[PDB]
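Novice: Here is how the chains run, residue by residue.
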Amino acid sequence: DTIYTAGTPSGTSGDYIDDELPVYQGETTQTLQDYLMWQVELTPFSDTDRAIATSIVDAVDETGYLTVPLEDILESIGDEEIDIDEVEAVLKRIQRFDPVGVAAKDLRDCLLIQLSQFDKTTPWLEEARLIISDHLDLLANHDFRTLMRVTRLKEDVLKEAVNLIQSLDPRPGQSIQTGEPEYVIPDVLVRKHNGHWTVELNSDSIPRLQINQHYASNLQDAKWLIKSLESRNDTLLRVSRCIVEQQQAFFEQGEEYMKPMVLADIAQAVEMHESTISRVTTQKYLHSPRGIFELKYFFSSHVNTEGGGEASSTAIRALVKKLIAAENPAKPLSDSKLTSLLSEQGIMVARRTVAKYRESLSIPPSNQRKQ
Amino acid sequence: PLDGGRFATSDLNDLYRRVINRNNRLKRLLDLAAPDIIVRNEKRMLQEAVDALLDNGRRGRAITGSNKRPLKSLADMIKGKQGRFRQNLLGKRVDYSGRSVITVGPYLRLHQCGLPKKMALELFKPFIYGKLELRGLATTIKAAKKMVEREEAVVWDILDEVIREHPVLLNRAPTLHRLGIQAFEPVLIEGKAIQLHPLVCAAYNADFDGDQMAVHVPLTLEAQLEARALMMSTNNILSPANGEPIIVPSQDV
Amino acid sequence: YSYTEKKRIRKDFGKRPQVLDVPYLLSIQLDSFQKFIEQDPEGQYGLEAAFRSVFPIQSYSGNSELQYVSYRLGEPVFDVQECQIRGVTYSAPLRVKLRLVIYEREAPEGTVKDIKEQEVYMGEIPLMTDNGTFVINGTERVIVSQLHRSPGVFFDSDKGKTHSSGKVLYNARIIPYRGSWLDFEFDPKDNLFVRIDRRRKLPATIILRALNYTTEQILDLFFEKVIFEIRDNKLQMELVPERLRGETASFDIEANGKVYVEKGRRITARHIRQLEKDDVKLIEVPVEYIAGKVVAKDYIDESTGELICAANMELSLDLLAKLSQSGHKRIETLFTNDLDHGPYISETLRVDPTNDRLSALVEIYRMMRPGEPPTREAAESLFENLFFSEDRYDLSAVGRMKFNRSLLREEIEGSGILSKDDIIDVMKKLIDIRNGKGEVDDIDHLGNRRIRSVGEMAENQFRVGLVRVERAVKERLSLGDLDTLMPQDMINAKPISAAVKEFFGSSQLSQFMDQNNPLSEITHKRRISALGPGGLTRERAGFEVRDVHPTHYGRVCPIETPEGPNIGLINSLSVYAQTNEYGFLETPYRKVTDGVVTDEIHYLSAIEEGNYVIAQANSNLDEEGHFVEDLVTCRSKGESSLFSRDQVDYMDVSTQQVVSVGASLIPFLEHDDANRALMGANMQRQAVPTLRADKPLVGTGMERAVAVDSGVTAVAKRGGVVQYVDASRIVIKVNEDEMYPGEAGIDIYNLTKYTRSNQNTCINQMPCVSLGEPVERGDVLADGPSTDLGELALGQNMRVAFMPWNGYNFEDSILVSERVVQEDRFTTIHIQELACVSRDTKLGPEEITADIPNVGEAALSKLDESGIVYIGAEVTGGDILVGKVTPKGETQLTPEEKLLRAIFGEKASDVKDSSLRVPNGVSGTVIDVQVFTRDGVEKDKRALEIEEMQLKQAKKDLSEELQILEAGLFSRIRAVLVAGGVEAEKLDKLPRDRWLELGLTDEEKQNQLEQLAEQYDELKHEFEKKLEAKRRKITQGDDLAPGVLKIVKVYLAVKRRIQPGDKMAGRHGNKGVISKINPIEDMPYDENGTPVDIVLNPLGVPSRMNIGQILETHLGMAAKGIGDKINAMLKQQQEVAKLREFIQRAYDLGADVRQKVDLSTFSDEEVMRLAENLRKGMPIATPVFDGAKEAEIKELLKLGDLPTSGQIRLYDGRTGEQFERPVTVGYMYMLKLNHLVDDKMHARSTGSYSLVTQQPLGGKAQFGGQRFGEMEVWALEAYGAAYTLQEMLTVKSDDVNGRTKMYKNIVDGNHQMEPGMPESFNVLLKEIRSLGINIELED
Ligand SMILES: Nc1ncnc2c1ncn2[C@@H]1O[C@H](COP(=O)(O)OP(=O)(O)OP(=O)(O)O)[C@@H](O)[C@H]1O
Ligand SMILES: Nc1ncnc2c1ncn2[C@@H]1O[C@H](COP(=O)(O)OP(=O)(O)O)[C@@H](O)[C@H]1O
Ligand SMILES: [Mg+2]
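The listed protein sequences derive, respectively, from chains M, J and I.
Letter by letter, the first sequence follows residues 89 to 304, 321 to 475 in the entry's author numbering.
Reminder that position 147 of the second sequence reads as 400 in the entry's author numbering, one-by-one numbering, no gaps.
Reminder that position 353 of the third sequence reads as 355 in the entry's author numbering, one-by-one numbering, no gaps.
Only chain M is shown next, with the shape it has when bound in the complex:
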């Protein structure tokens, strides 16, 4: 029960003229495909070219890359006289629309398409063209040495060519993006006072409906909805409070202090069917000083503890992250060494499990992290 000491006003008048607002209709928007089709219409194609262009633009993703191979498109046309070279010509024509480089098969194609539209006066263009055309994995893997051998070029020219490479656009289709992203309103709040975490539902999201009972059946049915809503929010609050009580240590000391709890614990604690617990916690979030977390985030698997008990997979992931974050660049830690290092604190996880956790956290293996 506090008052927000700062905020943003809403741009509108407090009172509206008494006439009723018109029914909501909507408003059209321009996505990438709409722009591409608009440019297609104003382009001197034939009829078959226009059909192939429609089929191609249909299969362009949000980033502007062509998701299907050309065989799918030529099959989708449904004609037999049309060959694959016509599809190639139409695709090459489409790839030069605005933004330049859209509908590209892969990154190499996009970069080459963008590079082909420069002027010859550019200081280092042929070097960049050759590097993209032939030796790309060398630039990605940060070799900088065998690339010097193959290119037969000194340091300065290669550095400038790489500077030109990192000046292009790898996602040309995201210039025309969505207007404004959505945001989620939290359902419950967990504050702390008296050394304890208080749990309370969002007041700004829970109004009390006016009871329409004066014309009095219908009154009893209306009260049934009230009782159902009461029971629903009571169940939500009880489940959230029990979950917060179980995971007290995490709320204080952050990660590496969760407990391996499953739906059975909640079902036995609140005396309810586990299906109801699964139903109520789906697509609902809680706001903590640490962030916003889905109500189902605290359930996970476990691993055996040598001294006794179990360790949350979230704690293992956090420990792996913190161990990797403080490794030596000269000799990055490997999976077996990581397992050996963690097998001193009672953590007993197989090498396969460590690999799965590392893949989940999206960290490159040791050989790609060496400096």
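Hints are not guaranteed to be accurate.
No more than 25 Å apart at the CA atoms, straight line, and that leaves these computed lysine to any residue pairs for SDA-like [to be verified]:
{"id": "1", "chain 1": "I", "residue 1": "1262", "chain 2": "M", "residue 2": "107"}
{"id": "2", "chain 1": "I", "residue 1": "755", "chain 2": "I", "residue 2": "1056"}
{"id": "3", "chain 1": "I", "residue 1": "890", "chain 2": "M", "residue 2": "123"}
So the derived list for chain M, only partly shown, Cβ under 8 Å to chain I, looks like this [to be verified]:
{"id": "4", "residue": "102"}
{"id": "5", "residue": "116"}
{"id": "6", "residue": "129"}
{"id": "7", "residue": "195"}
{"id": "8", "residue": "269"}
{"id": "9", "residue": "272"}
{"id": "10", "residue": "391"}
Some chain J residues near chain M, calculated using beta-carbon distances under 10 Å [said to hold, decoys possible]:
{"id": "11", "residue": "258"}
{"id": "12", "residue": "298"}
{"id": "13", "residue": "322"}
{"id": "14", "residue": "399"}
Think of the hints as simulated: they come from the structure by calculation, not from any bench.
Every residue, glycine too, gets a C-beta built ideally from N, C-alpha and C.
Following the hints, put chains J and I with the ligands in place on chain M, whose structure we already have.
Specialist: Below, chains J and I with the ligands without anything else, positioned relative to chain M:
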């Protein structure tokens, strides 16, 4: 669609949900073979729900959803001043149109009007695209679009070329007679206000103390020839209700 | 004169004395809210009444109760400026003390077992600022007053429009302050009927029966008895003469052997007088006379025991014989005459079927509660709760007063619940009205309409919340552990706060304040609206309520009203109007006793005013007070006529007590048409403030009142000397005698600099005082927007000529010189605010940084390290103001994604750009950035810099106060040391710290030194504590909405110039549009080569009948002339004697003016500063209806050596040739209205379309198209242009494929369309089909 990724049901959806719920309850009671005294009131309530859906408020009390406001039904969607007939079929909003304040140009000839060029650039844009492509200044549509966006030094010459003999329609509300819409030839001026010939104001009932005007652009050849041959300001000297002249000097003249 | 008025004295041409000074213009709001808040021991106004209305609360078992004791309002957390900057409500916390008492059982009455007292919280109450405004969610709001029908009883009638016979129907309506209405009505057949809450019509006698009444009692109440006697012979009658008025005899009137009237002869007044003189009582009447007389009471024979006849029944011959033979010699009947004493109640009983008490009650229950079987006890409870329950029906004190006044009673006090007597008297008065006695009421009378202000409405809303709180409380109080619970556990703060904030933020009468200029604010606050809850509607108003009523004189402005659909429903208060203790408007009048006009002021309301004779302010008087003529023009009983001297009772106080403020700011009002006066008053409040304010050369003297009483200027709280003046702050050293003890006497005034108004204009205060000069209490220190030295100043004085100029001023156009543009006379500043909010998401916290991945370095030049633009940067459309990155997502990835992350970094693949950019077509300079970060989150460099900037000022203020106090203490310590015989020169050379580094002798000297050291260290500790507290306040974290991290607000400022298409106007309803900016060498010029500034059309003066402007022009020229003379005396160093002599000669000019100016009391410096202020023209005041005559204007023109006719000879600027006729040149006060062509201009070729009907959107903010309505279609049909119409209907609006094909063909140089079918028609077909009706195209 509200904020937060959530939605609120409209009036038609509310009425549909109500009739569906009543129908489901009545069907379940019919399957159960409940006493008839209850099925009577259930059928009456379903009848009321259907009647409210089809035409809300015609018989009995009008159903309201919130703030004591009646819910629009299909009949209200069809009829009234806000219905389809009198709001979207007999009159509609159009493209290639603009509006602004009007001033007086005492130098114009009877078939001329003064148009700001920032409005003329926006109104005549596709013609500018076509003219730019025609003489090779832009091999593609995107190049012409970018060139027009930058407002380069040649798009003004192109704009002067594309509006040489191309009438535009000037309108001022309320349109009480057929002389409320008249076609003129544009002259590009610097400013943000339309300039109007002093001899046509009496026909428009227009004075220069804050009046605004709307301007529309004909597109097809037939529309341009109709504007020049039927709606031009030089063809409307005599009044269609009197036969007396309406292009008549007043005040200072 | 005050010091601020001695700098520039405005010459006054008024002639009538001022006896009452113009009051404070904002009393109506402040007094009402003060009444709402302040404690009231009597408990009738404010929160005390609301608290006592519902409390005490007793549970159903009656075993415990809650008892309110008192309440209290705490201190606001923030200030008005801080609340506006942050964007939070300026409110106070409500703390209320309650006591829960517990009762027992098995004991007589109620013993005190346990009483528990607790102070609880009830919510936040918003507070009213010093200018009668509320700050709700960062924006200032105004709650306007309501004009509503007062509670009580009203008698009305329809004017025969309900019946084709044209017979008028009369009704009486009782409307309470809270409860159910009551209606008595007459029908075409003369049968009284009752009605409750506009439900089904019911017989009137039902109410009488429900109150335990019998039919005989009703007939006694509503009729006059007549007694028939049977004195053993032919029913001899006791007759009264007056009863025979209007009667035609049907028998022989004979008594004492004299036939007074013969049979068949009409009874005349002479016969009545003869009967009165002769004292005739015994009259023999035949039995035939009893054909229709109705018996009063039921009659039974003694021996039989049966009933002879029933009451309310006509007597017959056989019944007469039956009663006569039954020993009946006395019978009772009713007097039912046609012209008077009508028999409406009897026929009402006849039509009424009920004849008992319970059946009527059951019928009432069935009528009010249909659809269920009745019940005796339920019906009784419903009837009791209807009109006699204090919890549902209340007639307020004003309601009771009006009720008693409408029934000619004596007392005023009474009960808010009804009684039998009140209803009986209501029916009696209605019947008397039906019988030609009395008259209906006039609803538009201002003695029947009441003013309801903000305090009363807020109190009503608070009570409405409190009753819900009571309903909730009654549940918890029923059962529970009576010990471990507390009063806090029973209350629930949410409903009260919800209701109060809903009323203050989303009500119909709560609006944003108008902030174009001070006049807009003053006018908006003094407004009376008939709309809103409990009021009229724009559709059910009528036509008589929208017209001037004779009772509006002196209370409501007749001129000021909004044209349009809201005409007559919105009003503005007059200058002197007040309200009663009940809420009725009243106006002041001087009292005239014995033909001598006194100075005693009485406030009269609408009802009292009609019963007197009131003179006019125009009447002339002698020095001692007598009238100068035998016949005086006066108002009486709604009329105006002539009266004798001794007949007069009262007199008006001022000639301007009829108009409002905006109308009273117009010079030469009486020479203007009323419509033009209204137009000028409306346009005068839409004028935007300009760069430099300019006083009006011709005013009315109401400028200073509007300027000071608006709250836009910093006025000194106490007198003193200006210690420190700066362009951003003023520090005044208060005089010794006005200082409070134990206080360093200084006032600190912080001026507001370049802040945003509700209309995106500029609010900026400038100091208008010098260093070290005296100021007295009430003087003005700073000039707000549109103010010059404390005088209201909305526009600029322009040199204007009236003549046609080559058609550039044709049809209300305006020709403006180029020198006007070159001097920035009509240049304005506009300020805009844009906000960016970084919040939390499920994929991570949105971040604010300058490291945006896909944006080049060029766009990031103007951002700092934190990602926020620098102060002073010039921005245009598309520039990045605040850079914000939003987490894009997280996936299992893919080899191509791994390659992209490896080559182009990880951050570029984790987040996407969501920065804040300047909207297209916007420009300005960044003048202010504000940052709010949620508590606990680490701050950034920008926020820390802003906090340091904020802390510096608080430290400076505290240092100023502390240093003054320290100097005061050091004076005393030095004096004590010197009185101790210390080495004076040694301490003079020693620094002030070395003064403390000493000691005194063993006498009381050392005691004094110790005392002053204690005081010094105590003061230092106290001010260190103050500094720490203010640092804590500044460095405090921010509690924001959940999920929100940071908020950044950026302010842009731009300057707008004048151009063709802008709208200008004067004060006399002469509006126009600028058409051309003529170069300087083309404007017409006079003999001296001085050009004119603006050229207007003469033809527009006579056709509009706003002659006053012309007069203003003439007088304006005169004023300017005076200035020129003074200016000439300053370019050449003339001595002060000639200057002051000429200024005095100018001020003394006039024909018996009321202003006496004596310059001999002025020092030469004051005279020189006055001449410096007057060198640009002497300002002149002409009151509205006591202005300056033409002769005075001609004399003033003669004084300045200008032609008297007001017309000079102008020359052509292009050819140098003199115009053939003299032209009128002068100075007029021009304004710049808020209709800028920058906002109107709009065009569109193609954009976004609606989702359902596929038609273009509407509006400039939506980038929409222009509507082509039905009438334009009719015009195109009349022309015969079918192709234009077809391409208007399909290819421009709805043909989804037609639009695309048309665009493609236009790009290809091929102009041709292929129309299809509009989508709206398919939508219509679907909507018709959804009704169950088959409609289709065919063939
Ligand atoms: N409710 C309305 N419906 C339709 N047209 C309206 C309405 N109110 C005003 N108008 C239009 O506004 C015009 C009035 O013009 P304007 O306001 O410029 O002043 P005016 O009548 O020419 O007089 P002046 O300029 O001398 O004060 C009318 O002729 C009419 O066309
Ligand atoms: N309701 C209306 N419908 C159509 N035109 C109007 C209407 N009201 C005013 N106008 C025209 O628009 C012009 C500008 O009006 P505006 O300035 O908005 O009114 P006002 O001068 O009363 O503020 C006026 O000259 C008038 O002729
Ligand atoms: Mg006009």
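Novice: Name the hints, by number, that the structure is in violation of.
Specialist: Violated: none.
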